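Below, in structure tokens: the form deposited in one PDB entry, a single chain.
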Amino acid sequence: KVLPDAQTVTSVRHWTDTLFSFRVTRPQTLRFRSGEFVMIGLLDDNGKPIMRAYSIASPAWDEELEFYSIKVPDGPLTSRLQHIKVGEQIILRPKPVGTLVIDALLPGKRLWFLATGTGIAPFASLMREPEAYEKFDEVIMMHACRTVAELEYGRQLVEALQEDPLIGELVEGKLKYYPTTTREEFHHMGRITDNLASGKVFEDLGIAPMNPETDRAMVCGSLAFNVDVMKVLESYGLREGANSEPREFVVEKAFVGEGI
């Protein structure tokens, strides 16, 4: 007996006791755009498919798929998914959707990535999307978590990109990674909303206050984070709007609920 739409696991890398990433074989049928998400899952006691929405953390051009996942004890899926091993499989619906796609935007000089927690996942994909560096001139990556260890997955991803011999210094003065913690001490602190309103992120990167003038950003955090951020965006003059139609910015829930 086989598992419908089952992909094999090629690697697992634990980052903290609540965060882990892993890569799987790509369904020979999958065709997507960096930033979209799909459904993945495992089987429970009776053999029931527990499905959950997951951003594809790897760029569209990758032959393998990568996922960055939260680990919730009691979580039906993650309490299970966190134990996945190389060779083991998972279910993966090859139906890619999501509003976090570059097409949903259109302008040019800036493409901001504003995320918190695992909401970095889609940007781990987009930050490695060639289109982001062609249809746009500068990519800002704002990631805010509670502690430094939660920044690790995205910080090592960013370090590798820049330190890479060729692709590095190619994302030279294109990508600007602005990580922040809100609990642990870290050279750059403060929440994304606050640092945008107060303008710190501007006099920090030595740039021009995010104006609705052909700018652009994608938001991915909790619901409270999305509304807060959206408000702050318009506070400058940006307007929502998704998949296939000119707009100022897009958002997506990094998860449903209040978060752990």
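Each form is matched to the other, and the largest set of C-alpha atoms that superpose within 1.5 Å is called the rigid core. Numbering follows the first chain given and starts at 1. What changes on going to the form deposited in another entry:
- Measuring CA movement between these two forms with the rigid core aligned, the set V72, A149, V171, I84 has one residue at 2 Å or more: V171.
- Superposition on the rigid core between these two forms places the CA atom of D17 less than 2 Å from its counterpart.
- After superposition on the rigid core, displacement of the C-alpha of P246 between these two forms amounts to 2 Å or more.
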Given for the second form:
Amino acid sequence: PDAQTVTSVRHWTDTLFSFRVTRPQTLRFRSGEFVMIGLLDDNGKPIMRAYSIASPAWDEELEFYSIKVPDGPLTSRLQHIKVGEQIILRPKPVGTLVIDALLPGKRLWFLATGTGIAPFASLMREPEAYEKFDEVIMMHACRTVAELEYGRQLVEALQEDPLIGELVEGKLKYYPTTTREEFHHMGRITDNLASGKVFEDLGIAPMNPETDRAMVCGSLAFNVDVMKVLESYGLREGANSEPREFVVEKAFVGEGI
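So that was the form deposited in one PDB entry. Now I'd like the form deposited in another entry, please.
FYI, this one's just the chain on its own, none of its partners or other molecules.
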């Protein structure tokens, strides 16, 4: 049912892997949206979970960036998937992490923790982000250095490619941090935005409600705290119906692994 086939798999850590699958021929989506994917349980019943599509809308395959939860009904199984095996994929994209859900502006911030970088793996590879904005800032905070690797490699490939670098024109600013392991840049996104450390580190103007638009993707706790910081700079939450300066989505439901 709604089956698509795994074309590649990549393991990053013992809790993180990415994979790619074939795309339904009629699937249309906007970068930043999520769909339901799944596998069958031991009784032949679907185990369905929401996943951001980690590949941009132009990409001919669909990429996903996944947690591995030991004893997690879906990921305890999904972590073992192989090329040629299949997943269930519902081709019904939705979500508020989309450029259309924000007022037009000059700078676009992506604020993510852990697998919350997933919708921004798509958006950082979306032409629209660079056509409609002069600067795209990717803040990704994880506990450890290895958890940043998937995103670091994505950003490196983008910036180092001769053509893409030309088209992007220095617009992408990447600000990875750790909160536990030693790394040259540390700290929570909330703390580093509120204190202005990120402005100094990247050599950019402070957050400005006139020109800045942001998207937030992490745990509920992260989202709540980030919203407060954004609002302290004068940015207001909206979405599609009445777009304002920022949008938020949960990277997962619960407390997190």
